[PDB]
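Before any questions on binding or motion, here is one chain by itself as structure tokens, the form solved without ligand 1GP.
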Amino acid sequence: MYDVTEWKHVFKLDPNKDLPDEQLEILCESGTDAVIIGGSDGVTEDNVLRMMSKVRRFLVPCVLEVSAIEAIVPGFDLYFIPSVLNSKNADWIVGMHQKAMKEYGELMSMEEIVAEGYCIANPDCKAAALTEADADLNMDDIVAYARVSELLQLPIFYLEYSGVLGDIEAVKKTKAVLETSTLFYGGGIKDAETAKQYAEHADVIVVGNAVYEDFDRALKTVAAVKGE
């Protein structure tokens, strides 16, 4: 009974890192619209399983972003399955999902899945390297990828700048072309000011790295976009 078109803020947590249990409880009770567990590069199923067990008690939706088939774990409310639209490797577009349907077809059928169209626009991050993304893009290239996602009707279009602040103009123009898709933006949001700035254009802002860098400051990103 989830609806990402109602969301405004999500925290994305890296199971490859460690967060104190009190901080994890606080993020879950923060008012964020979802807590997303990033099942990515170097991720292990054991860490995803421990995380699931800790966040599932809260009312907030818990989501697993499936970046590696081996790290899939039952128990989450939603499963986000990325397709890296600007990847030069078919494995990151279709390949890996076909292997998953072939090997875990029954599991996939029992879960609530949401496809994400990713556009990785920071050429210097671990994700661009892993996925061989053609990540050095002009604004018109980004807008064209968003149009591809809007055509395929993927429910989410995720503009990913990882650790850097992306060009706000690119967020605005991407949002301009999206009619049916929900625009998720991630990239350098570390405090209330940046969160507000980007929440003016993105439908949902994603705060992740910041949680491990300056927790109190990152926490304020929720009130920044959902508060009075």
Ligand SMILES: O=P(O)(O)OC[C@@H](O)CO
Given for the second form:
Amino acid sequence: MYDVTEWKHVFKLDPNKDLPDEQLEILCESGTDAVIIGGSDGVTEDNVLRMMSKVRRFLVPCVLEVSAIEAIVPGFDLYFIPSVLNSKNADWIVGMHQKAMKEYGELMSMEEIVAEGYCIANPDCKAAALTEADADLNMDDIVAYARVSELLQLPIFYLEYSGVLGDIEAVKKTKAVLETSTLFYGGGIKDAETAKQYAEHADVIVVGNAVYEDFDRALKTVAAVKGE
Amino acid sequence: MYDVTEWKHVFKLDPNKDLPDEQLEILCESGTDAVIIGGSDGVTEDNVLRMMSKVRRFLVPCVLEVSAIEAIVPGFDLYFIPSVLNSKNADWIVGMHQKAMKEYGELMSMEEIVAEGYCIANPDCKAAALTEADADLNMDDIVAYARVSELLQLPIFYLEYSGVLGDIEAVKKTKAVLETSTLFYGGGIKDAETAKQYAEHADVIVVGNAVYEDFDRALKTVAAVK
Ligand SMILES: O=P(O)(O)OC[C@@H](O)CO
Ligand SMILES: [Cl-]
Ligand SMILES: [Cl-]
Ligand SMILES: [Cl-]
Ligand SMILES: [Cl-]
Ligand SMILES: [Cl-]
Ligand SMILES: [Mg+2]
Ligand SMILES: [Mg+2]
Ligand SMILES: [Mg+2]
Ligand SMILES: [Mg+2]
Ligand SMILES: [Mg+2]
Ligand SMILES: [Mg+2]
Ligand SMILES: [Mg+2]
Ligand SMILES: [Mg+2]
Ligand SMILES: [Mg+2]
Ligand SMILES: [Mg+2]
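Can you now output the form deposited with ligand 1GP bound? The one shown was the form solved without ligand 1GP.
Complete assembly follows, chain above in first position.
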């Protein structure tokens, strides 16, 4: 019953970190279009499970982004499965997914899965280090990866700059080539001003770190793009 | 674009080989559903261009399976860009697609391109060596790759055994999990009986170099399947 082509804003939460329960409830009731749990490496199934149990009561779609096979947990509305298009390690493109289909084939069949084509464009983040991403890219390299995603018809193309604001022109040019894919942008959005700037180009903006740095300011990112 | 979900038989030609007399014409007029220009151990743009010029004049769909950016040549009805799912080198999974998009984005926009999920299941062949494929696979590994191919939205999953016949049970099992893409099988098919056998499970059977070794025998594979 979900359709990411109707979304405009999502919060992405790190189960590796702690957020007060009250704040988690407020984010779920914020008007965001989805709450995504970042199920990565360093990530534990126990933390993903606790998060699932806390957010499942809400109406908002809860999504698990599967970055580590060991941390998959049933019960989420949607499962996003990333392929890091610019990784130099086949494991982050295909490898880990093949291991998951081999070990949890029945589980993967029962879930609603959405493939994401990731382009990590911030060379200094944990994610680029983990995935062996060729993250120091020129704009034309970025646009070519978006075309690759648009060709494989992955539903989502995710331009990832994690803790830094990315070149806004890269976001604009990427959106220019994407016809059927939904463009998710994440990177340094920490307040309403920056949220609105990037939402002018991205289809969906992702707000993550800011939630833990300045909650009230990060909360305003939803009204910034979805409000009057 | 021509609909691969309606195909049953294709011939795949090596542009670095030449069929004699009027055999290429007979093959293109045979009833096969497509003629794919492939290649081995690299290919050359000039050889692909000469092949294009010969097959484009027939109604049968002509397809270029891109195995090198340097050999993309305009003029084909469809372009298949393989992603070698089981390659240990990212360049064979998404590298070809990225370079082609960066270097020839406008050409890619004007042509009809199809991503093809390849699984090289013969560890002892040029293709496995060239693509650094982890090709010594168990049937569950093959099935899992097929599941991935669909995860990645690929319209075609190609199970490749190159110069030998692959395990008929692997074909049967992969067909069983492919809910939304088309299963192409290629590897060692040279005659009607074998073509019919594999066509029982594959959506499309690919007949390759048998056309150079024994054309009359290979030509019978079309009627065998269709
Ligand atoms: O933490 P930030 O910088 O907001 O980025 C959100 C998301 O892109 C992280 O995967
Ligand atoms: Cl764990
Ligand atoms: Cl057709
Ligand atoms: Cl020829
Ligand atoms: Cl004709
Ligand atoms: Cl053969
Ligand atoms: Mg929309
Ligand atoms: Mg546990
Ligand atoms: Mg719920
Ligand atoms: Mg939009
Ligand atoms: Mg059919
Ligand atoms: Mg070959
Ligand atoms: Mg023609
Ligand atoms: Mg024509
Ligand atoms: Mg023409
Ligand atoms: Mg069929």
